[PDB]
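All protein chains but one are shown in place.
Which chain is which? They are A and B, in the order written, and residues in each are numbered from 1.
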Amino acid sequence: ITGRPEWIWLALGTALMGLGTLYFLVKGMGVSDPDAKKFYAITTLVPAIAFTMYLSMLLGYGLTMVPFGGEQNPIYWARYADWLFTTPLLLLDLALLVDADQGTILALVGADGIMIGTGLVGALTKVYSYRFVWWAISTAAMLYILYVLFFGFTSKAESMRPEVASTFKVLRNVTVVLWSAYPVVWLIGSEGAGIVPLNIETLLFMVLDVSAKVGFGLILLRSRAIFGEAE
Amino acid sequence: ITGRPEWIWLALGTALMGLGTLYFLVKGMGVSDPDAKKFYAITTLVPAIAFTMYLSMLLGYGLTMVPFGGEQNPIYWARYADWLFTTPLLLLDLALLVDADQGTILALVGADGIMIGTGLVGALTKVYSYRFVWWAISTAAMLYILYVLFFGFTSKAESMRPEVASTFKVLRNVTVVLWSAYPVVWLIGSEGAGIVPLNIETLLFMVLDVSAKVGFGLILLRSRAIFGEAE
Partner (left out) sequence: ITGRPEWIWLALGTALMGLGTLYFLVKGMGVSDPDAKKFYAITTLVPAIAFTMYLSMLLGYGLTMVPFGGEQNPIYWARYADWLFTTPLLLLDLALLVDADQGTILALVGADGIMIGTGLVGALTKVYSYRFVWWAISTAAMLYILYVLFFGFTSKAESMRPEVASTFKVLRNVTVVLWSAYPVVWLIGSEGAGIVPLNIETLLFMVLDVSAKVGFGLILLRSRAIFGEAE
């Protein structure tokens, strides 16, 4: 484990995702509202999945070597197995908050799968220049997601209860800022141009992951928007 | 790329799926009917997924070598990753058109997963004679799907609006004819008996894919069956 300088950030990430999972699990014990139960189930699964994948990276299972640039490059593939399941769950939290229609939910989840799937292909591609073709396709899929979150959901939240509109607006802004950083870290990190070393890259993804999952969840599960209007 | 004679058909397929995706995306911009939005989302995702997998084959990522018959045989595995997601989406288009019940939808999607999954196992199997055992199981799963589309959905469409009944009947006939060709191309192509060479096999799958996805989508999204009855 300790033979890799980035191990400290993988261990911290593992701990923070595990602690986040347990807090949400305990906090959700005393909840019977069927609407609130939906948000607790979605939001608790997110850091639980991330916990297992951070642990796999810490123990060395989620790491492979990819030859490109005449070098064997360490690629943590477990990140994409994490994101494949956690990013659509996070979008479902937002879509259920605004009572989005089914067709829009399917478009979001499908574009998200394309985003993560093409990012994985780009991470494992051995022809250096082709890695950035996949990065560009994946980034186009992300821009579609961000467009929908702004010019489809925002207008839908305003016609909703005030507390669900204000909570959505906050979580929307958090998501757009944090998610946009991921393609940048990829491009300048060891998967892309190799400007930033792997140990610093790992620290950046850990800050982003914890903020986008545990920070996101703390804002959502403390809001009254997750409960139905009741007397 | 150009070192493979089949590259021209992979490049054409990539272009036609990309163009198809963009047309459906633009055409769906001016749509607010929640029913129509469902069909546009399903139908636009189909060629978008196929685009990415054709590109992976063009660039050489979606290709592996499988030893059988005393030879290293080029097997494009990316086809099955495509079909795993696009064939159930196409069946969902048909099932939603006739307002099929949930139990029937699950049976269709499950049989479809078995069809594609066993076809993938057959494509990667190293014992030559066993490849055709998997082909037979996969073909049995397809025949179940075709039976349901005829002796379960057809009777359901007649009790529906006339425009949804006539549109379903057309898309049903297109699907049964085109899908039935796939097991035949597999059997006589490089995955099976090896009668037809890979470059011709690739041309045939490209014609079938574009017809079953973009041609299918053009018929559906030009129909009024996708809109609810409104004044």
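Following the convention adopted for this analysis, contacts are C-beta pairs under 8 Å (C-beta built on N, C-alpha and C of every residue); 3 or more make two chains touch, one makes a residue touch a chain.
Note on the undisplayed chain: of the listed residues B:121, B:165, B:178 or B:187, the one touching it is B:121.
Screening A:10, A:16, A:42 or A:214 for touch with the missing chain picks out A:42. Across A:61, A:128, A:147 or A:150, the residue that sits in touch with the chain not pictured is A:61. Residue in contact with the omitted chain (choice from B:64, B:73 or B:104): B:104. Although one chain is not displayed, chain B still touches it through residues 101-104, 106-107, 110, 113-114, 117-118, 121, 124-125, 127, 130, 133, 137. Although one chain is not displayed, chain A still touches it through residues 34, 36-42, 44-45, 48-49, 52, 55-56, 59-61, 85.
By definition in this document, only the chains that are shown with their structure count from here on.
With centres set at the average Cα position, the gap from chain A to chain B is 30 Å.
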